[PDB]
Every structure is written in structure tokens, then in C-alpha cells.
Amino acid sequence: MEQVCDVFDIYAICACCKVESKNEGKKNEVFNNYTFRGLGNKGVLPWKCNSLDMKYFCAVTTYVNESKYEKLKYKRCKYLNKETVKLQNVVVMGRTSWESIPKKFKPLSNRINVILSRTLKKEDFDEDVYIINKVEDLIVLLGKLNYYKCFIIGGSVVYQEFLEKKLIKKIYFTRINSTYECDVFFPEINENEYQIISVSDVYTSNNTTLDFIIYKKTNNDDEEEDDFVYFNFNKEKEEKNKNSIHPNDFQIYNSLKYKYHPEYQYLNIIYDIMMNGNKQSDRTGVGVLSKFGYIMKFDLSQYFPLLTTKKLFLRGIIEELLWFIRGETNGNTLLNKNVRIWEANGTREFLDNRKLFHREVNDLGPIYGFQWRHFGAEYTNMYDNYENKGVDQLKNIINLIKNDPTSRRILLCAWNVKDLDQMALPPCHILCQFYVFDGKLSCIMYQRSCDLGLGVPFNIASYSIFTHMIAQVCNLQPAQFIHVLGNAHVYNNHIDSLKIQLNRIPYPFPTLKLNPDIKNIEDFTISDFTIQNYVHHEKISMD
């Protein structure tokens, strides 16, 4: 049986930012969709203006397809039983919202402007600017008009008094990922009434990241299509797929239509290794599902790609980077700061199984740092002085970027074939290549071995931060970080956790902030790095 919002095509469109608590978050803040609920402040927007949100609002509320109207006209008039009634959309708002708009571009261009109010009389306005007395009389006015879709463009009350009356088929919802002072807030959307079916790319505008999501009301030449089917004649269409994983499992992941959030590059790879991976044994003797050769790209000028579908920490991985940059190989330096990334690889037991019987505990051999600052020097022990020994690759790439930015030889390589056996383990992160165009730096990192569940989330972060570091000391803006995965594997003991993760919807990404005073690569310290607006799902223990 047909419903009102379904017939008249009534949608809500809004934008919500984060709201400050006077109660400083003394415990770990808990995030959900309701985190983004701030609508207004003192009769205006909490962030004053956002030029990309404003472009999106206009674009959505004014777009019309005339060739799909008849079906809507036939739907509506037949619903009303009657036979008879430039195509434009209806925008419905409250009195305050209408007063909030500046007169210069009021009324709202190319739209049928309706205004809910009880002190407004039609006398003071016009015919094309409909005034309405109550919620009930909209449906009446929509029966007498030619319009494509009907958008409730807000007022806290208006949204409130439309959602509880179930008059909203979809909510077009912008997540503004920054905090402001707010006096009015969007209602709390009930997970049983609406659900997200799409998530956009992540964007930066007016000094904040944002994304656009779509809530959907829940249910509680032609013959160019055939040529397509012919080209698929050689597939294996079935019920059971390689690795015993079910339909139930990825319900929410598969229920989304559009998944353009860049976090899906990581999640889709996980999905693909789960659906199509090869069962293989491994060195650790745990078992993996693996595939070979993927690429991700992250636009560092729009966001910092810190995964939001679980909680990630960055002190440790920043310290590792600073340790690399110093050329250090001494695992004790990291352990004394309680960064234990390399602890297991520096034990007596581990070093002995590597046949490094004459190596001091936590002396990791000529690994990353040594290779970046001293490639080709003779490694002795972790306490020796190597000043001016070997090739200082880090310095060389920084000089190439500054003086010869179009070079195709700007590479930082860790995979020193001669020294491999002396390393506690060989590098997973083989090399970094750099590319500079128009004042912008991009970096490719080739990773030979990628633990999708535990390692890769951190690996993305390390090299994003490093790309910022290199860019800043060379007076460039960071553009793309490009992650190439060789042997890409999901450990079997991660499978259940990654199943939980794949059915979580990303939040818009945070931003990285470097102390702008730092201008040489060796001058960074742990307090020079700030992550802002990290909104994330709850922590997951992978193992």
C-alpha cells in the first residue's frame, strides 16, 4: 500500500557538525552517527559558511530529470484518483530558516519555495512563494503542483516534526567533521527507521573535512545490455565460493549502493581477499588468504587517511619514523619509550633463529634507518659511529626534490640485497618513489608483504605522515600517497574481526597537522604532530 512520502517524493537534506561539551572528555569519547548533530547557532549555521556543502545543497535541491516525471505525475494523480493536476523541485522550510536567508538570493533560485509558519500571511509575499499554515496542508499543495521532488530544507523543528510523522523517504546528510557552538540540533535518527545506503568521497572545504551520506527509509541503445552478457559467458556462477564465508556475514557492507569513501579501498581489498583469496600456509604457521598486486591511492590534500572503522593509535608509529630518520638501529631506544613494534624481532630467541647468534638483543642490524642514512656502509653494531659512512639516501632525495623535482630517480630504497641476512628481518617496505608537479608531492611505497588485518592500517598512516614530512621540508604541498601491495594477505585469526569491521560505515577522515616551524627532516619531534577530528568506531582486538 502506497505511502505519502513515497508518492510525493518528500526528502530531507541537512548538514550537521560536531557539538562541543563543556564537560571535557575525561574518558575516551564514544562516537556514532549522532556525533554529527549540530544544525544551527544564533539563527545561523554553526560554521558560518561551507562553500562545498553550499554547492552540494544547490546541486541536489535544483537538479531535475524531466524524462522521468511522467511516472511521478501518473503516480501522484492516480494516488489522488484524479486524472489532471519548467519542471522544478519544491523546497520546504520553517520561518526562522527563511529569515536566515539573505534577501539578495531570497527566494531560493529555480525552486518552488514553501514556508511553514503561523504568523506569516500570504498578503506580505507572492504566488510563487507559497505560505503554509501547518504540516497537514503541504500534501494538499503538493497535489496541485508540478514538481520533480520535494526537499525539506530544515529548521530543527521542521525536521523533527517531519521525521516523527514518517514523511521523509531519504535524508541527504552532510557530515561536517569539526566542532562548533550550537543552539539547535538535528533529531536522533533511529537505526530501525532509516539506514545508510551510500557514502561519498571525503573532501576538505573551509578548513574542515566533510562527507555526504544518504539515509534510506527502511522496509519495516537497449541491446547493448545483451552484448555485455555474452562477454561474461565464461564465469563460474554458483552458490558456494572458494573460502567458506556466507551471505549473512557482509549484510551491511553489501547493502550499500555507493561506497566512494576512500576507506573502502582498504575494505574492498579485504573483501576481495576473503572472497577470492588463495589458502596458503606461511612462515608464522597460522595460515592466510592471500592475493598478489593491489594499489590504493589517498588524496592527502583532502584528508588524512587514518582508518575510522576501528581505533588506531599513532604515537608509536611516529616514534618509529623519527627513529628511522635518525638512522638508528637500536631497538632499546624504542622500548624505553614503550614503542614495542620491534620488540619481538630483537629477542635472543628470534635473533638466534635468524642465525644471528653474535648479535646483541635488540640490535636489529642494518635495517631501515641504517639503509636510509648509510646504505653500503659496513654494519658493526648498534652503538658504532657511522657519521658520513655510506650513501645518505634521505638527504639525496630531499636535494633531488628541491633542485631537480622532475627527476625520475627520486627513490629511497631499504632493500639492500647485500645486508638482508644481517637484518633481524628484511624490510616489508621496499622503497619510496617521489613525484613532484606544480608544487605538489606524491609518494609511491611498494610493500612486498602486507598483513591486511593488523599491519596495513598502520603502514598507510606511517607513509602518509612521511609524505607530509618530506613535502613540508621541501616547501611543497602533499598530494597523493600511493600504496602498492605485493603479497597481500589476511591472517586466518583476523577473519572474524575483519568481518565485524567490513560491516561498519566509515566516518569522514581526520586531518594531520605538522608544526609549521619545522623545516629540515631531522628537526621533527613527537610533539610536532597533531591529529584532528579523529572520529572512529570502537577498538577491535584483531588476534
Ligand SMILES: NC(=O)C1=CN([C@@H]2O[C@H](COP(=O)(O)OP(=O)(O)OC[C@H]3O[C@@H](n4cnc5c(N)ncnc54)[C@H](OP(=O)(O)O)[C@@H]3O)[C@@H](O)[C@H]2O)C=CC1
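Between two forms, the rigid core is defined as the largest C-alpha subset superposing within 1.5 Å. Only residues modelled in both forms are compared. Residue numbers count along the first chain shown, from 1. First, how it differs from the form solved in complex with the ligand.
In a core superposition between the two forms, the Cα of 240 is the only one among 166, 257, 240, 315 shifting by 2 Å or more. Relative to the superposed rigid core, residue 28 undergoes a CA displacement of at least 2 Å between the two forms.
Look at the core-aligned forms between the two forms and you find runs of 3 or more residues with C-alpha shifts of 2 angstroms or more at 24-28, 238-243.
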Given for the second form:
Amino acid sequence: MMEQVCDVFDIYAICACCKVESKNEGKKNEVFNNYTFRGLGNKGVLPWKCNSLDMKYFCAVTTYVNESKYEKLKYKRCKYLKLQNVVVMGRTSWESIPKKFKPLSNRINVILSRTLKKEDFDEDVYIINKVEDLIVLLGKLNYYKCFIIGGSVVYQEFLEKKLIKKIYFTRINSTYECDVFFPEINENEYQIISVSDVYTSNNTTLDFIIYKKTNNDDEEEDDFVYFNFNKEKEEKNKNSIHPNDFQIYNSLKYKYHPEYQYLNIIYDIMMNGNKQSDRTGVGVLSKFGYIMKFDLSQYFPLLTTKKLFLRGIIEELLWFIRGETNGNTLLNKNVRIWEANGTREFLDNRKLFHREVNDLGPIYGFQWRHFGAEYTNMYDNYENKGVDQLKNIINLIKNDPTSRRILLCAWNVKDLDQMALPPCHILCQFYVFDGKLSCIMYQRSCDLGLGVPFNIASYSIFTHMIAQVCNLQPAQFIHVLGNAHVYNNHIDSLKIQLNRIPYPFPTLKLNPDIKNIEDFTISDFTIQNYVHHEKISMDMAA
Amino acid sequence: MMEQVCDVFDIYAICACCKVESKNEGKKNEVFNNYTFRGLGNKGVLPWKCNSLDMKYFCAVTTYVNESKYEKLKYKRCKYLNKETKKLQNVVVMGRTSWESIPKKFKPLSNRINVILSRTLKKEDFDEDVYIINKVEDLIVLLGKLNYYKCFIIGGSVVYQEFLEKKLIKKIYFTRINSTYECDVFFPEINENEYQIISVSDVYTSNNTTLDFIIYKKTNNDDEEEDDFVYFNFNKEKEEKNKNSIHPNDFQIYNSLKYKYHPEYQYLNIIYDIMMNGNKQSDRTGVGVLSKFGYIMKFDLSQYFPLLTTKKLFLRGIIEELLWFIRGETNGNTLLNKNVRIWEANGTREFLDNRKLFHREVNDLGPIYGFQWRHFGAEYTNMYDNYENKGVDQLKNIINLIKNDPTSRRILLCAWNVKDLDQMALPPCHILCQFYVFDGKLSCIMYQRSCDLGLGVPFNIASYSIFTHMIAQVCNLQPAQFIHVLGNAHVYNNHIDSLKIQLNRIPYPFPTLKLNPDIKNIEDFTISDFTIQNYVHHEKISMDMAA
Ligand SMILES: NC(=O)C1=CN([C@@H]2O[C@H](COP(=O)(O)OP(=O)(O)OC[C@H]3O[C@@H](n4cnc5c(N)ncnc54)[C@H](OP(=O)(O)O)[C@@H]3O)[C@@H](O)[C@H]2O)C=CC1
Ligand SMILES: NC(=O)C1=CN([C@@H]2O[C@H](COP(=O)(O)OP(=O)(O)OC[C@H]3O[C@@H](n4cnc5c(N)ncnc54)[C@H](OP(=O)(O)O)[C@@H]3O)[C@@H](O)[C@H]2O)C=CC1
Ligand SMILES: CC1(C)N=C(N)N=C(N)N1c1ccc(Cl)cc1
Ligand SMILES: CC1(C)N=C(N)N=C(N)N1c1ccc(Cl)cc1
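Take the protein just shown as the form solved without the ligand and give its structure as the form solved in complex with the ligand.
Let us now look at the entire complex, which starts with that chain.
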């Protein structure tokens, strides 16, 4: 006994909005939200011109029909009063459509206009006079679903009339000039229930999310239940971790966005992690073994559910490449990532009494460029001492790309004790095929709340660097987690974070001129179109 | 289209079978097939007496009902009889002896309609709420009168015999108890032409025996969010780059399966993934391989020893190798004198010279595994030198951390000594091991840089599973998960036909591994301290059909 039209006639909306350039601030924005993506059109045309991928989506969604499911619909459409779908649109829009493709192939075409006269058009192409008019027309017709493909004005009113069931919203992650925008969706009316994978098309990233109106053969089916007869009736920390804490996170239907690979792990550890001791005093929840994969050819996996800064980690990466072990080099650039591990107190607890403060010992950088060399102090000359692994893996990539020995290992067993701290990131393995570079990095200890996000970005950038100086395109960054833990003092922050819906990922642009791994400088890196949620202090006590 | 009794009334059979105590005439090498599992009962009772997990499964299957589907089922059955316009239960049918084998406190089976076949007894002879029938046909008449979800034939042999004989069974829920017991009753030999295995469950351990659940099938002769799934998969290319070299009909059995939950499928699926999507690359002297990058397999060592069953595997070799590793040895002669040739090819004059190790004695493998495990950092001289207290004894170290600082996130064993690589006859394929300890249980992750799925991987999995057991035992812990990480995973083309065959074999429940409980030091193990039990396996497959 549903008294709602949009729900009976299956009236959906579908669009694609890009970011709009604020004459006040410019491209680099200070705050974001769903209303960030609102650019609809410009000069009677699309802000971008052609988005080969979004186009394929538009078509696929509006031309898709499931005939074996139709009767159920008609049964109720007639009760309330070659199958195809219905595509409503405003005059202006219908006009911006190129002749050869108009009217839309395999669609029901209906133009909501008051100047257009039935005659001018053929029986096929319909023409309505107003909102209410449509509804009736849908009665005297046979269709699967009805899609409002624009324009702005049509969207605007239809949202007021509350005649929209769902909104297929495409987020174009780039800025363009616009003159017409999509209505600010009221989060009390419509809410995101699905977010797709992230892609790159026409030199820009984009994704697809779904807005849903807030309501406020068989033999093998039982065999599935049988095989589950021994499944857990409950979760370890299910109690300690409440449910109304993740209603949004758990309200989503399809979470294909890559960021969920990180978020889902957070969830698993909060719901099933093992409670353990920790020298730091506080406790943690830990699990053993996880995998995340990012397609660097489609996006740069910099988290968006919170804010992340990259200057620090890029400088750290350049510091590694130079083979330095001098913490002062980072402190003088205000990169305090290693400061705690280079203090008098920290070095002494490691029993390195004869080590100068900030002399981190034979860590990463030294192992990458001098594995095997005898470590004296951070100021010594190590030219041509030890094994230059970095150089070697680059030559392997260039001259023997099919090798299965392209590894960069920082876990020098003989030098662990001499290190301020043993490496968390154990090694890197590279793989090359059809001019593409993928990288696997094994991490023995992973702090999901604070370190992992930076760890992801760090190696993604590194894969980009190695690829460029080898004339390859980055492909996959595979992150293998050993001990994965969440600090108890981060649980509250992570709960907030798991309920934030990801924005399409940004992209990484490297100065194309740099051709040798050793020539990169801080200015040679640029993160573009990074749309993100607000900063979150994992440690809320400060 | 006519209707078939078994389908209209949904008549299923559920059983449990073990391995019989049949004679072996002294032939160590026993042959295996499904008929291997056929022990129903003995002396009026179960061959094994009791098995919690299987019984829990039996109760789960025979009492589960989905009242939603009945509406549809009432339609069918009614339309079949030509008739058409309170808690739904299943029907269990059983023979006289089966009924008498049930313990009084469990009679009649709870939440189920109990039907008993008999001639020597009538309703007057029963106190319980049950139905008696003196002939099969009566069951059909009765089913037509009752309101039930599904009908299950739960034995005994005589009963299974007639129901399969009369072609009344739609599917068979078969439990394979992987152990041997004295028996005097057997389940009928299932005809491969009538029934085909369509699902294989995960493997488990219960009452000192592993077991799995398989389903045989009778062979021939919010809904809107569903549309959204279609949309999001709009960018899918329904193509596979190697389907042309690997035809569909070559994986009939493999693809026919519905549920592939047996742990062995983690291996098989990777193989299948590489054959259908691998990358074509070169090798040593034009040899071809298909490869992918980055895989992961997980094995619950508390429930089974993951020794592949779709082909025969011997472990004497990889065990000796492991003890050789633990002893820190680099002398290939030691293995050869035990008729273990795993390292033979890598220690020849020709091989060593090709590696530029001109001054290395034949079979002196150099600073490999063993050495790095007990002396990482020490200068390698020759396989006969004494390296006592030289280099870092990683093995000893990781054992102390597991014992005294179990929460440490530094318990790693690494054989990839960047400085010694060139001095090694061959660089290590198994780069490292990380251990994890929680609640008295030990888990292990092993990263392998290069993986030969056809030959190597099967042995690699067994090697590290055994090592996890050994380490867990000398540390007073219980083995848990062996997690295998694959970097460069490849399949040699010379192996494709052999693997296509293997992919079409159904896995048997895994065996178990037994270690002499007295060995408490990682260094005190000997070949006679390792025992594999109940290894049911397919025929050995020679990967290379050109030898
Ligand atoms: N990214 C996206 O998803 C979309 C982008 N666009 C872009 O935006 C631009 C067009 O949008 P827009 O300016 O809003 O124009 P519209 O396409 O929405 O058409 C508006 C016109 O349609 C008729 N109309 C609308 N509502 C009613 C009503 N209630 N009753 C009677 N007639 C009505 C009237 O035409 P009249 O009375 O004169 O006959 C009106 O002037 C183009 O540049 C196009 O490329 C358009 C749709 C979607
Ligand atoms: N592992 C497993 O899954 C199972 C094991 N078992 C075991 O097997 C043994 C019992 O099997 P089994 O010896 O074959 O005995 P059954 O359970 O099959 O019972 C056979 C008897 O039931 C009656 N019966 C069977 N068919 C008919 C028919 N068509 N018409 C009339 N009466 C019929 C007759 O008894 P009557 O003399 O009264 O006329 C007959 O002698 C026990 O050891 C038990 O523990 C049993 C079921 C399953
Ligand atoms: C192709 C495009 C931009 N993309 C989406 N996701 N939704 C629409 N309604 N579109 C659209 C189609 C036709 C016209 Cl005239 C205007 C916009
Ligand atoms: C418990 C057991 C062995 N287990 C399974 N999977 N199938 C049966 N039919 N069983 C069974 C049920 C009732 C009786 Cl009387 C005998 C055996």
C-alpha cells in the first residue's frame, strides 16, 4: 500500500557533476562535501566535452532492461491506476544532443518543453507539457524504468516534487567553467548507499555513487546454509564495539571504492582483532596478514576519509634515495618523522650508548645504497662501499625485466641491533610486463590508524619514481601486511572515519624531465584534485 | 514434461562414510577413489562411535527449513497430485536397525518427522510419535499427505541401497571421515553416471580425525540493488586472454562444481587464474611460462595438514632438506647420501661455473638458507668449515622471541642476505618468515619471491607447514595459520596439460601431521619424528610428459 509515485513508476535521476572553480579561492579548495561536485553544464554543452567512461555508464544504465522482471512492475502500475526505458529531459538538453545520435538509440525519448509541438516531432519522440503530465504518459506506456537525464531545471523541480527514487551521480574529479549546477541534495532526503571503483578517463579521475531516497537453483541455496553450519554465532569485540557506531558504514550496499580496502581492514581488526600487550603501555587490537591492491594507472591512493600531507614523506623518500642516516637532515626541513627514534633516551634504550643523537644507524637509506658495508657514523664517506641495491634493481628493470630477483631489501639481519629501529617496511619486489611496473611491499608491523595511510602513499610515489626512470607506466601497488594493529586510543577516531564516504582519488604528477632516480626534488611532485574530508587526530587526547 | 518423484517431494540422502579396514597384501601404495569412503556402520553402531562435528552437521542439515519456499513447494507437490485451491519440519526416513541404534533420550529425532521402514514391527510396537511403513511406496503416499520441507533418507545401508536403486535420491550429503575403522556395513557404490560431486566443503578436525562434506547430485539422462550491481560491472570485459590456448571443455568437472571451499582450491584457483589470465614470458633457453604477480593462500594447520591430494606427493625429501636447513648445512652431499636430489642440479660443476663460482667444490652450495639461518653475516669459506658462534643465529633468536616476547612484531627469519646472493649457488626463493603469537597459538607468514606452481609450490606449502609445527612445538604453542604469499607466480607451459588434468580431480580430505611430542628443541628432530596420517590422494602426475 505505497502511496508514492516515484516508487511505483520507478522514476530515477542520473547525472555527472564536476568541480566548479570558485572565483574567490581558485582550484585548491579549503573544505569539501557532497555539494563539491555540482558543475552540470557550460555554454549549452558539458563542462568537459566527452568523458568516454561516463558516457558508457550513462548508456549502459539507461539502456539496461530486465524483461523477466517487468510483469511485477506493470502488475502494480496498472493496479495503482521489445521493452525499453524512459529518458525524460528538458528542451535545452535535447538540443545539445548531436543529430546522428538523437533521439537516443534504444531509449524512450520524452522532452519536457512548452514551445515544442507534437507535429515537429515523430510519433516515437514524445513531448510533455509539465511535471504531472509525465506521470500519465508513463501509464499509457510500456517501460522498465524512467530516467531523468536533465537538465538542471528538470532536476531542480523533480527533487522538490520528491518524484526521485534514486540518483545515479557521477563525480568528475576535476575543475571546469560552468553556468548551470545540480541542486544541493538534502542529506535528509537522499543518502549515498553505494560508491563504485575509481577510474581515469579523458585525463581525469571519476567514480560513480548512488543516492537513495531515505524511507524515513534453490537446491544450491540451502546448500550454502549447510556449509555454514559451523560459522561463528558472534564476534570477539562485537560487544566492546557497538553497531549504531557504524550505521552509515554498514548501510552501504556496494563499497567498491579502493579506500574501503583500508577501511574494511580497520573494521575487521575492530570486530575481530586480538587484544594484546604493548610496551608503549596502551593496548591494541591485532590480526596477522592482509592484502591491499591499488591500480596506480587509475588513481593515486591517497586517503580521502581524512586529510593527509605529503611533503614529509616525500622528503623521507628522497632522504632514503640519497642513502642518508642523518636525522638532522630531516629535522632541518621540519620533517619530524624520525625525531623520536634519534633522541638520547631512545638511542640509549636500544643500548646504542656510543651513538650520536639523530644518527639513526644503518637504516633504510644505508641498506638501499650500501648493504653489507660497515657502519661507522652518519658523517662518514661510504662511496662505493657495500651493495647498491637501488642501482641494481633499476638496471634489472631496464635490462632484465623478466627477472624474479628484482628486490630491494632493508631487513639486514646483521645490522638490526645497530639500527635505531628495525625497518617496518621489509622489502620491495618489482614486476614488469608489457611496459608496466607493479610493486609488492611487505610490512612486518602496521599501525593502521596512523602509519599505514602514509605507508600507502609513500610506496605508491616510489613505484611512480622507479617506473618513470625506467620508461615504464606504474601499474599495481600491492601492500602486504604482516602484524596489523590498531591502537586502542585510535578506535574513536577510526569509528568516525569509517562512517565517512570516500571521494574520488586524486592523481600524482611527476616532473617528466627527471630521468634518474637520484634527480628528484621536492618541487618535482604535485598531487592534483585531492578532495578530502577534514583532518582527524587519531589521538584525540591532544 | 513428466515429473520425477525425487524432485517433486525433494527426497535427499545424507550419510557419513569412513575408510574400511580392508586388506593391503603388503602393498604400501594403495589406490584411491571415492569408493574409498564407504564404511557406514559396524555391529549395529557407527564405526567411529561418535563425531561431534559430523553430528552437528547432520542436525543442521536435517532440521533446517525455510518456511518461505514451502508456499512454492506446496504448489508443486499439489499440482503433481492434481490437487489445488504449525512449525514446518523436515521428514527423516530410516530403517529398523538405524532406529534401534539411536539412544532413547534422542528418540524420536527432535524437531523432525520420523519415518521408520519395517516389517517385523508395527505401530503398536512403538511408544514414540513416529510413522511406520512396511514398504517404500508408502513413504511416497505419506509424503503426499504431509506438510514438510524436505525428506532425508538417513540410513541404513539396506535403506540407502533401495532408494538409490529405485532412483529416489535427488542429492547425497556425504561426509568423508578420513580414518579407518572396523566395519560390517557399507554404503552402495555411487554410479559416476548417475551422480556427480558438485560441492566440497572446507576440511575439519573432530575427534582425532579430519573430515569434509561433499554433495553428490543426480545427473541428467532488497531486489532492486540487483540492478545496481549490473551497472557497476558495466566496465567488465567478458574475455580472458588465454582462453584460446586453454579451451572451456578442458575444465568440465572443475567448472561444474558449485561450491569450492576445500582449502586445496586456493592452490587450484591460482593455477586456473594463471592459465586464463597469466602473462606470456620467456625463461632459460626459450622455455615458456605464464605468470601473474601477487597471490595469497591460507591454511588452518589446527584443522589439517595441507598436503595436496589431487596428485601424489612424497615428503621424505623436503623434510630432510628442512633438517639440513636447521643444522645450518650447505653441503649438498649430505642430502645426496640420503638419496635426496632436490639440490643436485644446482651443485654441479657446470652449474657452479655458470654462476661464476669457479673455486667452489661440486655440491658446495655456498651461503644459502641453512647458513643464513644460523650464521647470517659470517664470511663463507667452504661447506666444511666450522662456523660455531659466527654470524647471527636467527633461528635461535626467533625461538627466544616467541618464548620470551611473544607479542614482538620482529619475529622474522630472513634468508635473503643481499651481500651473499652472488655467492649462493642460487638466490633463495623463500625470502622470509614472520611469526605471530596469540592465545598460545602460533601463525606464520612466508613470502616467496618466485613460485613454480606446477612443481615447487606444492612442496613449499608442505615444508613451511611442517616448520610451523616444529617451531610451535619447541615453543609449547599450538600451530594455527600458515599464510603463503606469492610474488612472481608462474606456470611452465610444459606443465599446462598436466595441470589441466589435476584441476579436474576432486580433492580428498587432507591428512594430519604427527610429531614426536618428546622433541623440545628445534635441533633435536630426526626423520623418524615425522608422521603423515590418512593421506588419501589421487594418482601421481608427472608434470613433464616428455621425460
Ligand atoms: N551533467 C549532467 O548530468 C547534465 C548536464 N546538462 C547541461 O546543462 C545545460 C542545460 O540545462 P538547463 O539550462 O537547465 O536546461 P534544461 O535542459 O533543463 O531545459 C529547460 C527547459 O525545458 C522546459 N522545462 C523544464 N521544466 C519545465 C516545466 N516544469 N514545465 C514546462 N517546461 C519545462 C522549458 O523549455 P521551454 O519552456 O522553453 O520549451 C525550459 O526552459 C546544457 O549545457 C547541458 O549540456 C543537462 C542535463 C544533465
Ligand atoms: N554412517 C552413516 O551415515 C549411517 C550408518 N548406519 C549404521 O548402519 C547400521 C544399520 O544399517 P542396516 O544394517 O542396513 O539396517 P537398516 O537401518 O538399513 O534397516 C534395515 C531394516 O529396516 C527395514 N527395512 C528396510 N527397507 C525396508 C523396506 N523396503 N520395507 C520394509 N522394511 C524395510 C527392515 O527391518 P525389519 O527387520 O524390522 O523388517 C530391514 O531389515 C548400524 O550399524 C548403524 O549405526 C545407519 C544409517 C546411516
Ligand atoms: C552523459 C551524461 C553527461 N552523464 C551522466 N552520468 N548523466 C547524464 N544525464 N548525461 C547526459 C546525457 C544527455 C544530455 Cl543532453 C545531458 C547529460
Ligand atoms: C550421524 C550420521 C552418522 N551423520 C551423517 N552425516 N548422516 C547420517 N545419516 N548419520 C546418521 C543419522 C541417524 C542414524 Cl540412526 C544413524 C546415522
